[PDB]
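Below you'll find the structure I mean.
Here the complex is missing a single protein chain, while all its other protein chains stay put.
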Amino acid sequence: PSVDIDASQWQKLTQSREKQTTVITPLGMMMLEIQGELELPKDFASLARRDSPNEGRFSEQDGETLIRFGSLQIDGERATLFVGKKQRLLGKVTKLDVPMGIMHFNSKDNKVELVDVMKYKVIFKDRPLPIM
Amino acid sequence: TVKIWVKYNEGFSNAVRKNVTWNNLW
Amino acid sequence: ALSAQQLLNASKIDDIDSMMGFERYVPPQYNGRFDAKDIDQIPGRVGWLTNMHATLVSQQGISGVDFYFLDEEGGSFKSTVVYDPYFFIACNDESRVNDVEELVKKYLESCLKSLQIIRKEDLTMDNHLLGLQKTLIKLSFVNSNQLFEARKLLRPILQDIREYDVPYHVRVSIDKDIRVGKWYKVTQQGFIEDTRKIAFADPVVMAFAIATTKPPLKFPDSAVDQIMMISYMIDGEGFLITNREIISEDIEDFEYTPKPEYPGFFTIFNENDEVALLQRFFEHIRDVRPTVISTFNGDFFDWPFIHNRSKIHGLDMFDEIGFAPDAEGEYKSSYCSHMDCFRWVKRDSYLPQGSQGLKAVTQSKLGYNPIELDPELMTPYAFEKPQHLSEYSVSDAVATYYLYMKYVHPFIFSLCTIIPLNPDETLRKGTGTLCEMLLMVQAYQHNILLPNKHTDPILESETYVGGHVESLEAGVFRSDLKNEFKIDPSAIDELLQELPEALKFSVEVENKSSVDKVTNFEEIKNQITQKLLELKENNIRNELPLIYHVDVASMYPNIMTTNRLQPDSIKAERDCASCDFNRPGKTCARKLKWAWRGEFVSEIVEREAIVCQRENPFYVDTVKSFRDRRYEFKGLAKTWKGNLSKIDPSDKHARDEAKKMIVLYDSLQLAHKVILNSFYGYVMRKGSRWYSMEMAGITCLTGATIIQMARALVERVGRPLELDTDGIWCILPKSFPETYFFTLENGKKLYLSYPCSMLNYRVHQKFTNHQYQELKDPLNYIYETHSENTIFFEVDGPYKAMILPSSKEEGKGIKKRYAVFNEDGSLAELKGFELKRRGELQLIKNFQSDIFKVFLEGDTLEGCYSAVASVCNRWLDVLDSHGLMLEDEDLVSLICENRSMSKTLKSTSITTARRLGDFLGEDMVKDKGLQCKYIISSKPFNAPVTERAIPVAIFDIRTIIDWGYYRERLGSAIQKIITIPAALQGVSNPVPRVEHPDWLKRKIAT
Partner (left out) sequence: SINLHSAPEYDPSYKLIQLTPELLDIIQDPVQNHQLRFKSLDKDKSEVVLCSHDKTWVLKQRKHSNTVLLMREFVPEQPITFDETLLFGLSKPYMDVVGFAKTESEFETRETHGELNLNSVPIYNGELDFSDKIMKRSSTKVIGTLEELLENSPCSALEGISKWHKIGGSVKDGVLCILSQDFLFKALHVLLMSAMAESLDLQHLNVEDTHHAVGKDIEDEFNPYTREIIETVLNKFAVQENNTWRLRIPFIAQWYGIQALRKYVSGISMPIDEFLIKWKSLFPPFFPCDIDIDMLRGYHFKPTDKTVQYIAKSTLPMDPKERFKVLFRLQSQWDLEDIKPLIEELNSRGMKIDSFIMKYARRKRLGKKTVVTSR
């Protein structure tokens, strides 16, 4: 079997915006890689209901329960990641040597569309500490 | 609302290169 | 009779061997002139020698030795040399040598193969120095069995022995001057070394990794557990064989290349079961015919497992690949080396025992971290994650392959070129025996009669001091913190006095030059004069230090060569009875001090012994010459470095041999280095043939005197902090004269570190043997005397930081524990600490690994103790809050304690082990390596220390844990690393829960 690469949408958005300079592209996209395992609840709908608005850790967004699972604070190349109430990660923004590409394999129609290119990544390589 | 965290991997390992089939993708 | 049984095993081995490609080659007859220079004319076959073995051949069998060669084209053959075994009997009455001859002639009616009269040197015998030799009866035998019959005849007499453990292969390799790794043309006249070929040929190399089943929490047992995978590599290409009765999916072909240097394309063999994997394994091995197979602890785990499943599957490993257990239970063939890397790891890698696992060696030597997987998850993964298991397996195989090839291969293969043994033997014999055999080689070539081996059991104890160690100061010293020096001006006065000759000596003796060609002699000398005069005036000074380490280069071998020291030089109730005493001046005999230490209760008695300056020199010329050959290779190395840079970067230009050459000469000089320093330790070994307690005393006392002179100078011009056996860490004033560089007339430069040369000059002024004699003309027995001294301190530094620990006990330091930092701020050595000791709290390891690097921040002492106080307070928060401010998963990992039992169950290690034994059966604790997972519990309250560890993993944790105990152990560590040096330097307790005890405040001035 065989199928062509669709790159029109990314190309049109790409041509009108500059080459990627910093960690965030002019189109507002980003990746994330973590040296570890994200221990998440086995269910999601149930825990979003006990979530209080002040905490806002398990929000409801457009009928989908999104979890506010942590926070990332970007200071230049330095980045620090606090997760929950009990985790803190110190890290760095690193520029990809080879700009990777995320794309989309529409399995239904066996169609492939190039979605985006990434040039930087936010990495946390040290063991998490409490947020204190 | 307080049981979300990351189990830290001490290091980084990159696995063996593997061949890709159409079925690996589909 | 018993001959013919060895002939049957030999013929079976011969069949195996011929099946593997070593047919007996017998080179053509050549009645002509044995010449080594026209080697290419003589009929025969040129080969690189890669192995050799003793054998028995039929016309009862005849003993001889087979030598295995690789040709210049990658091929192979075997050839055999025959040789008569022999040993000598010495007689105590020469007048009846004919009677001894006649006696044994009758006594040995048929056991004897032949006899002949020869003369040897006896160093105990009067007038041996004028060439009088000892007369012997040589007794020869057809084989070792006949030798063994003679020894059994002799054993009742000894109740009421010579050459009894000399390996047959060693005796032939030496007498024939043969070494594995060298090139020979095998001819009728004998073996002719091809000196034109030096570069090794390329052996067949096999690396493999197995994966096996095991029961939960117990060890694999080969009677019932099965192999689930076998992975292997042949010359850098990977293979994986799978037993699809157990591994739940077919692994597909893939590439694993963990570094570009190391490509790994793996082919998969999905086999139905265990026997099939074995036959494909044996078959592939037979296909490729490896002559090295390497493992890690394959002799104790892998191989017996293979043997027992083979037996279980009706396979005969000897028939399949020629491996069988030896007397040690190790699996050996004739044609293929078993390189169990663990022996090399334990003996030669220079790593602490805490780091002797494959992981730590991989990290140290190959420099990256492969994938690791708990065996308990490996069995479920057979079903659940077969790909993950396969990624793990090939990571194992790649690490082992390249580990062998990059480190073990150059080292072992280069060392084999001078020692007359195969790699296996060099791996397994004691270093003492290694020393013994080298000296035997050297002795045989100089016609020196071997002493018998000492045999008395150990003076029941003999734990004398070998080296002198003192802890003098603890604390942090840093190049950005100023220190106080109190300079002794009279040290400077002595130095100024020595200065013309010390600097001239530096140029001409230390640097092997001549003052004539030096441009800046007077300049340098003025600059030094000014620095010393300045220090002399302002001798109580407070400024930034230079943190130096000075260490004498190869201390004891240099002591040996300077003083011509060896065991046979010890008078042993007689000297000068027959050779003339007066004409040297001390009546020939040179008295030297040693410090004797007996255990009988310990007592030191100073003693003195006489070393004749004319005795036959056999040990020391080999060591001096060996030192020079290493220096040779350092030179050659440098020339090669120039070759390694002159050339182009097109790696395919027939210079990958040159880089191998570079690596090779590197390997050769370090292999010579290790052999050089083992010459000292031989003289203290149990059962030594060259035993001298006196020699050990002389070495320690001489080194102690040199190093005490050096500490006493630095102590007068700076501040020494710690001294251990051969090293001195000190601080010198920044104004102290340090490094200069003379320019030669040709423009070359000679390095000068002035503190090292001032000490080396003093050592040569005070410790030169002016009585060194050497045979200038042996026929007339005339000695010439001269002055020898090759003992030189060298200096390292100045460094970025230094941290020294203190004991918890008054006026006591801690030896063999320190921290040292390189100029770049990195950690150079960690010795002795709990990290290294078996059985330590992971929390403590995590603590120390966090804390050490944080002492380089800040500009003052108080800020550094504040920053480490802060990390301590983080740790105080985890333990004082009993871990509550912490997710539940991170806690369980940190508190486990694991302990090895040094004996059998039949201490805290003992109780945990005992309870594991009782619960899971005594077989669990009859063996070593029992995984004892435990915590020290709060409960039972009021129970003794030996009852404190009860295994709990076997079973709320926050109330079970003795949190005060673990914080107190960590406190102890905090005391040793942070607070007590702070305390002795007058900084108030930055970790207040560990209080300054009274002794340290009193100890110090305050």
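A few remarks follow.
The chains carry the letters A, B and C, assigned in the order they are written, with residues numbered from 1 in each.
In this text, a residue touches a chain if its C-beta (ideal position, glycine included) is under 8 Å from a C-beta of that chain, and two chains touch if they have at least 3 such contacts.
Considering the complete assembly, subunit C touches the hidden chain via residues 73-75, 202, 235, 255, 371, 391, 652. Panel shows subunit B; residues 6, 9, 12-26 of it touch the chain omitted from the view.
The chain not shown here touches subunit A at positions 1-5, 7-8, 11-12, 14-15, 28-38, 44, 53-57, 59-62, 64-74, 80, 82, 84-85, 98-107, 112, 114-117, 130-132.
By definition in this document, only the chains that are shown with their structure count from here on.
Here the spacing of subunit A and subunit C, counted between their Cα centres, is 51 Å. The distance from the centre of subunit A to the centre of subunit B, with each centre set as the mean of the Cα atoms, comes to 15 Å.
Contacts with at least two other chains are made by residues 887, 889 of subunit C. Among the residues of subunit B, those in touch with two or more other chains are 5, 7, 11-12. Remark: subunit C residues 874, 877, 885-887, 889 touch subunit A in the complex.
Across the complex, subunit B is touched by residues 1, 34-41, 47, 50-52, 55, 57-58, 67, 69-70, 83-87, 89, 105, 107, 110, 125, 127-128 of subunit A.
Against subunit C, the residues of subunit B that register as touching in their complex are 5, 7, 11-19.
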